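In the form solved without the named molecule, a lone chain appears below as structure tokens.
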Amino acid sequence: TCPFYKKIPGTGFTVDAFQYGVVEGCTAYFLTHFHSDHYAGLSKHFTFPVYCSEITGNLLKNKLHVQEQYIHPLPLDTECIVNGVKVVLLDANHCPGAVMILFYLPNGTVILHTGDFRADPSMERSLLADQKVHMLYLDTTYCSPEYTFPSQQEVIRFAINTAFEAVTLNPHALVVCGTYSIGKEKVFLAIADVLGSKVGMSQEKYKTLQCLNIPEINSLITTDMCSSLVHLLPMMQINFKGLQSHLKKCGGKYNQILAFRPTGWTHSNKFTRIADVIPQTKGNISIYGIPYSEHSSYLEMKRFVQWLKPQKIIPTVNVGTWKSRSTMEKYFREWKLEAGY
């Protein structure tokens, strides 16, 4: 049964609630972004409206094969009417096509649903700046003060240098990057770009990227592996046994892989900086973990919420245990008491 934190009061709207069957009363199903926890349940056999970004639309049409009529894409940053309710989609700074949704209720209540987001100061000068938000449905993935990580730009800086160093030291080395969903495309695109290459990948991954409205994408990616010295592999595959395997397949064209595993937070964030990172090494295969996050750090989230001063906050992540719920409320109270809302 669809939980109360996927439902928008005073509408027939639900958010990311595609895995329960028909939800009684639901006229419209919003999808914040194309990640499988959020879309779980969609298929070619959905015959209710889906509202989503253009980019999310493309992924629904081409990867899940939903029929063009049931996908309603909306532009961003545009006041739009949806069954006589004003809504706005805003960039979530998560993965490609990811949105937050502003709901303007008939009664005068205004609700923000973040989806998955990485909060940023640029959102404080968006349409959000213009009016009071009473309710906040919040991505709480990293709602705990241990959760720090560097900026995306810091990480991209690191990766670019590492890659360029080695390739200039040994020109028969291969860069590999792990991946399992959309998100984090800048890792492999920045590397490829410093190396004078396209990125090579499987046909299914190429198809996924061709939906994302990346500009000049045809000049950045290919399905021809042999021609490319930045490759993408399934994240499962980024280990010694699976890389060794892959080092064979290229057929004596490279003598060293330098792989990057973009990860979320890991406990080595608690003791080690980004400039002081190392990889695991079994012979000629070195695997970097690099903490490129597409979710708010604790401090980023804290700041966004303290600027927003919502009358009420409803968590969408880590809501499955009473301990997490109780812990999170404690942080929301401190924030509100510090900030005087």
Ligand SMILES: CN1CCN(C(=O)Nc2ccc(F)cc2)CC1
The other form holds:
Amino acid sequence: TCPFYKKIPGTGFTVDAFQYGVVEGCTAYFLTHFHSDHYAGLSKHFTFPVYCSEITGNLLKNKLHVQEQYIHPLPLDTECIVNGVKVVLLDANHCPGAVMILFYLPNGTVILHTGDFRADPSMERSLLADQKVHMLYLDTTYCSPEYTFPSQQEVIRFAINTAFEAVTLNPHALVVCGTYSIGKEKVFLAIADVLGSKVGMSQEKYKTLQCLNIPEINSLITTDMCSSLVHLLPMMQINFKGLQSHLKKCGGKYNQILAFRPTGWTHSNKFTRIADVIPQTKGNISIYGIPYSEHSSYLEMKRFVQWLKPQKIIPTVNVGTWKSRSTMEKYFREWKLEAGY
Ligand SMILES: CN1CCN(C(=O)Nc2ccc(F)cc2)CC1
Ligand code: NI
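Right, the form solved without the named molecule is done; let's see the coordinates for the form deposited with the named molecule bound.
Following is the full complex, with the preceding chain placed first.
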């Protein structure tokens, strides 16, 4: 059964609610982004209206084979009427196609649902600048002050400089990057660009990337592994055993692997600056864990909420324990008292 924080009151709408069968009273199902915890349940057999971005719609059609007649893509930054209710989709600064949704309820209430997001000051000059938001359904993934990490730009600078140094010292080194979902494409694209290579990958991953509206993508990716010195593999294979096995398959073209695992936050963020990060090494294989986040840091989240000044906050992540719920509620009260709303 569908939980309360996935229902939008007085609209007939649910958000990211495809794993509960037919939800009583739901006339339209919104999907914020194409990550499996959120799309869980969609297939070629779904026959209710789905509202989403153009990119999410491309993935629904081609990867999950949802029929075209049920996919309703909406442009960003544009007032749209859906089943008698005004809505707006805004970029969430998460993975490709990820949106936040603004709902203008018939009674005058205004709700913002962030989906998954990485809060940024640029959001303070979207269509949010205008009007009051009464209720905020908030991505609280990293809602605790211990969660610090660098900007995406600083992490990409580190990865580019590391890869370029290694391959210039050894032109027979292979670079490998882990993936298990869409998002974080800049990691492998930036490294391939500095090295003058296309990114090599499976047919299945190539298909997924072709759905994303990335400019000049045919120039950047390929299924021909032999032509490429940046390879993508499943995240599960980014370990000494799996990389040893991959190196065997490359027919003596390479004699070294440099690999990257883009994680979220890890406990080594409490001790180590991005500049100081070192790999794990065994023989001719080195593995770097890099803290590339597509979710708000604690400080980014706090700044956005203190700017927005919502009347009520409904968390959508870490909702399953009393300890987590009490911790989040204490932070929301601190933020409100400090800022005066
Ligand atoms: C006192 N009620 C609370 C629930 N409520 C509502 O509208 N629920 C809902 C159901 C299904 C859906 F899709 C969306 C919302 C508002 C009035
Ligand atoms: Ni996500």
